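Spelled out from the first residue to the last, the chains are:
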Amino acid sequence: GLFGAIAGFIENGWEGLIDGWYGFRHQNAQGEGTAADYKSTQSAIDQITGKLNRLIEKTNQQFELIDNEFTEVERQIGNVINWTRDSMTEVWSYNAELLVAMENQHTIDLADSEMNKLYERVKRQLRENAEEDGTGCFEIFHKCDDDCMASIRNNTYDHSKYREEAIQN
Amino acid sequence: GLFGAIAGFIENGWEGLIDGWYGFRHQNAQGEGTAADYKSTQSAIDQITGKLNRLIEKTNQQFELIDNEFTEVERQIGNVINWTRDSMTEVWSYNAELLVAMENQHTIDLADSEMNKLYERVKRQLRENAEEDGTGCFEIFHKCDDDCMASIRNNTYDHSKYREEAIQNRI
Amino acid sequence: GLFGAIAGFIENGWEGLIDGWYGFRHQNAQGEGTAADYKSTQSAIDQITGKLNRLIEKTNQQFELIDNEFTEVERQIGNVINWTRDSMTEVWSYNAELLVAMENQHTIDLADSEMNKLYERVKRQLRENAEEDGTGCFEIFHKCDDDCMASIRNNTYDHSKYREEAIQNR
Amino acid sequence: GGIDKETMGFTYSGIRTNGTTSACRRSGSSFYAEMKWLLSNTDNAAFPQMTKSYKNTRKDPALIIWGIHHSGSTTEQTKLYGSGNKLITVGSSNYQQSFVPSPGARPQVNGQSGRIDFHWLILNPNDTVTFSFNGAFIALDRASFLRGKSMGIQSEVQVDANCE
Amino acid sequence: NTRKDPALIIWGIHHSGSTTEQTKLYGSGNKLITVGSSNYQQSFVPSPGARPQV
Amino acid sequence: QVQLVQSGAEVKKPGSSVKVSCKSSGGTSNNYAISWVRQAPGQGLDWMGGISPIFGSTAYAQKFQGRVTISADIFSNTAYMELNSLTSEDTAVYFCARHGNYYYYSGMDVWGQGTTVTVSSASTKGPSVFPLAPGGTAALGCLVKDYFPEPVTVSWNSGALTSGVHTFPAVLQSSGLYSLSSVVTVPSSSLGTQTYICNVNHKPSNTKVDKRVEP
Amino acid sequence: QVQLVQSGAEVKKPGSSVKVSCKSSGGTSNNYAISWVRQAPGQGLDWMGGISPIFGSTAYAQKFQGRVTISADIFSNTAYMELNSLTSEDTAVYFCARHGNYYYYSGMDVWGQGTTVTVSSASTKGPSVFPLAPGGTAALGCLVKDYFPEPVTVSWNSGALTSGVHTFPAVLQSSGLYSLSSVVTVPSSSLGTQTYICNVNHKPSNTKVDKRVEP
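So the protein sequences, as listed, match chains F, D, B, E, A, J and H. With the entry's author numbering, letter number 147 in the first sequence gets 147, and the count goes up by one each step, no holes. With the entry's author numbering, letter number 115 in the second sequence gets 115, and the count goes up by one each step, no holes. With the entry's author numbering, letter number 80 in the third sequence gets 80, and the count goes up by one each step, no holes. Count the fourth sequence with the entry's author numbering and you get residues 116 to 141, 143 to 158, 158A to 158B, 159 to 263, 265 to 276, 276A, 277 to 278, in order. With the entry's author numbering, letter number 54 in the fifth sequence gets 223, and the count goes up by one each step, no holes. Count the sixth sequence with the entry's author numbering and you get residues 1 to 52, 52A, 53 to 82, 82A to 82C, 83 to 100, 100A to 100D, 101 to 126, 133 to 213, in order. Count the seventh sequence with the entry's author numbering and you get residues 1 to 52, 52A, 53 to 82, 82A to 82C, 83 to 100, 100A to 100D, 101 to 126, 133 to 213, in order.
Okay, chain F solo, but in the shape it has when bound:
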């Protein structure tokens, strides 16, 4: 929710979009077409994986029994051992739940962020030939074909080719 994109001004996601986290749905003369963006999908996924590899780590740290399940140790040192162990259970448990909550906050906002980085980029491509309607869409003020879409997608769309055209409108 940090950046306003996901669950903000984009109304929802597309359960039909199997092949990415982020993509394009267009409407022009010829037809309607959908394709998921690679460069930014990869980008997010990669930050998630880089998080995982940090946690699914194995501690190389070994511990032994100070304790005895078969013949109980003497009661005073038994009680010190138990009290220390519970205190460690407290620390680790707090650490576990905090670590996970915080990673989650950050993961969600990582996603909001990459959406709102796709948007703001395409916007930048199109200069003055279209408009922010505000539901995560661009109204194009010139007729455009399906090879014009692809040129937006793979980031080649030239503006000053369609400038004047799109301007009286």
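It is worth saying that the hints were derived from the structure and are not from the lab. Where a beta carbon is used, it is the ideal one built from N, C-alpha and C, also for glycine. Each hint should be verified, as a subset may be incorrect.
Claimed, not checked - Cβ-Cβ distance ranges computed for the label pairs, FRET-style:
#, chain 1, residue 1, chain 2, residue 2, range
1, J, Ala60, D, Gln62, 44 to 52 Å
2, D, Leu65, E, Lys173, 43 to 51 Å
3, H, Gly100C, B, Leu17, 20 to 28 Å
4, J, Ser203, D, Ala96, 49 to 57 Å
5, F, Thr135, B, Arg170, 38 to 46 Å
What the hints assert, rightly or not - Just a sample of chain D residues kept apart from chain B, beta carbon distances all over 10 Å, derived:
#, residue
6, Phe24
7, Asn28
8, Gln42
9, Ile48
10, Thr59
11, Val73
12, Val91
13, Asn104
14, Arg121
15, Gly134
16, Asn155
17, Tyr157
Given the coordinates of chain F, work out where chains D, B, E, A, J and H should sit on it, guided by the hints.
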């Protein structure tokens, strides 16, 4: 400071705005009017409350005396107990101050974020009929009345009704 | 990477820019000029320093020997001591690496943020007299001189002085 | 990491060395395999004042055990070790303790009224243990050296050599 | 302890090298040392007999 | 679904203070404003003030300023109202209510069950119970005299007789004590056969009386 | 407010090195540039270089490049200047100063009290202190003889007497040693009652001497 809104390009806040965190102050023909936004105020407040409910939690975890304040325990085990308890004091104190500082950073930027989400939305509503002056204001390039303001507020203002009007009026 | 500025749509940084983190490179009629922005450079630096002063703190907390390197303590209490100390080593080591990774994420995104706050500000200044090309540049649509540059820099550039001029040119 | 046993090189004059008991059955009465139960030469005889010492000449620390025998009755003590007060002392450079047996009546466990209490110490490379005693003393025949490193666990379930 | 801070108190039990040496030093018969305060109570019997020489 | 549950009825002497609680169960109300509204006997709703504890606002009606304390414990999901220097003008039912949002303009859509506060100089006193002796049908009952405070429960035949029972609301005497009556209407034929006993329980004085009513 | 406290006066032989410190007290200077600036006797100010330790910049004047090392310990809030291969040309007062921002362009608005560094063949020596014996007012003082290097400090009556005290600048003898006088002006009536003692402290030779001046 993360997003640039609060203590950024908005110069300050409004001590007269009792009824919200975020709101509107307008100037038109009729008069000057102020009203605070609900939809985004609620939004921030709810995230603050969701933080609180998490910390104001009670540990269901019980501890007993390993120690004796009346007749001191034997001295060596006394020394191990004290050293452990102090070590726990170190860890928890660090945890306390870190947790609180971090929650604070996040709370502040949570606020910056919601402001700069009010802004960017209103901006989006108005399309091509007004301009960013940059002190957290929109100069409207058409005459507008107090029922036009309300339509911006509760998010109904139609652009292509005032489009041409306000467009020639920028040359 | 959070905001898209640094290592995003700005392609890279300027190894010639000694006197700041953030600055200006302009091209007009007269020549080409570079000067680093103070207000936002200072701004970031100050947040980094405020991070440091917090960690570079000294614990006022004293600990004594419970242990003996010369004549070993009795073995059962020795083993409890060692096991506890190791457990503390676990906690602190985790805390250390977590604290540092997290501060680093935040430092990086702190930087992305201040860049993308310089940008969005200059943009706001110029109103309708220029355009986002999208590599961290503004194409100015009116001829402008080097005292016009300085007036953008120290934040005095008036728009409605050059408005009409730059608008037909669009 | 397991243990490796070495002889302590004790030999004994003018006592017995082969006291056994029906509670450790091998083929008839036997005893702890790594220990020697030291007894007077004949029933009631005086057990001599003995000193036995062992130097750890290896490069790793040695583990040393011995036992004090608490007979089931005072009569049984004097029969085994002769009459009079008994004292065992054990010394090295980081250790110093003495032991007096306490003979007298306990319930029978494994058909025995006596008890043995084992004590142990770590002997550092180049240090020497000295035992001195005039009875009620269970002597080690072998010292133990630790082999390396291992983990020890307590378990109630089967072993499986297929999973890691 | 009439001072205002706690006092550290030491004493030793002597274990003679032979029973003969104990009675020479201290006379024959059973020896007993007791030590009491309001938070302490213990007793000690020497155990005379042969240790190596140190 | 959040419910607001208030603390129980209070009986207070003039000049004392009363502190009523309002617990939010089934969810928190900390992100909303909660108001306190009182209703004097036979009178209308009257706003006392409110609190929106996360927002950080506490508000008071001018007419109660300085005499009322509104507060909240966000951790127990509870709001409180303390009214000081009580008089009989303060005898009323007190409600807490949650607004549709964090402030006091929105309609109040969730209400507590109310807490009765009675300011009186009366002392606890158990009732003295007397029989009311009696065609087709007959009328017999019990008079429950001079007790304080409300309530009293009356049953017939240990609760065995429920039909035709009409327990009248108590009168509040000028003494400050209450009196009520319970009358049961019964076939007069079953007069000399079925026995009739009223059982009167007054929790506050721990009084429990059975009383036989004969023709 | 921050103060920058530099280290003591230094006496050095030719070819040696000196490291002067500048401690930021009453707050941190870690977010600013601190420069080192020296002043040779009778000459003008001369920049040596600077450091801005959080920013990550250390800068050096070309004329001192390679012979000076500037550094900082952000943790003790201290900056340092080490100058190597000393000759008599380096005898001079070194000043640390703080810049109004993170870099070296801004005017330096805080400064150090200065460190004197003397590079010579002459050896350290503590002073021999002699009394100067004395109407309305009288003049009595102490002669502080044959010391090296500067500074000495003179106090009177264990710093209880600050009024009327005039410590004159030292005269550098042809021998290479200094001498100064301190005279205090005092009511002559308080001659046979109050005791006047002059305390001379010479740090470089670690010399403390208290002399009693008598009439």
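Now the hints, each set against the structure:
1. J:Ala60 to D:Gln62: 44 to 52 Å: Given about 45 Å between the Cβ atoms, the range holds.
2. D:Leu65 to E:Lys173: 43 to 51 Å: 47 Å, holds
3. H:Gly100C to B:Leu17: 20 to 28 Å: At 23 Å between Cβs, range holds.
4. J:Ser203 to D:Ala96: 49 to 57 Å: 53 Å, holds
5. F:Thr135 to B:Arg170: 38 to 46 Å: 27 Å, violated
6. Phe24: For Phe24 of chain D, whose nearest Cβ neighbour in chain B is about 20 Å away, the distance exceeds 10 Å, so it holds.
7. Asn28: Its Cβ never comes within 10 Å of chain B, the nearest being 21 Å, so this holds.
8. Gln42: 26 Å, holds
9. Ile48: 20 Å, holds
10. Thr59: Holds, since 17 Å exceeds 10 Å.
11. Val73: The claim holds: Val73 of chain D sits with its nearest Cβ about 13 Å from chain B, beyond 10 Å.
12. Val91: 6 Å, violated
13. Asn104: Answer for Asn104 of chain D: holds, closest chain B Cβ roughly 12 Å.
14. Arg121: 16 Å, holds
15. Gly134: 3 Å, violated
16. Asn155: Label holds. Min Cβ-Cβ 24 Å, cutoff 10 Å.
17. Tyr157: Non-interface label stands for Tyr157 of chain D: nearest chain B Cβ at 21 Å, farther than 10 Å.
Of the numbered hints given earlier, the model fails hints 5, 12, 15; all others are met.
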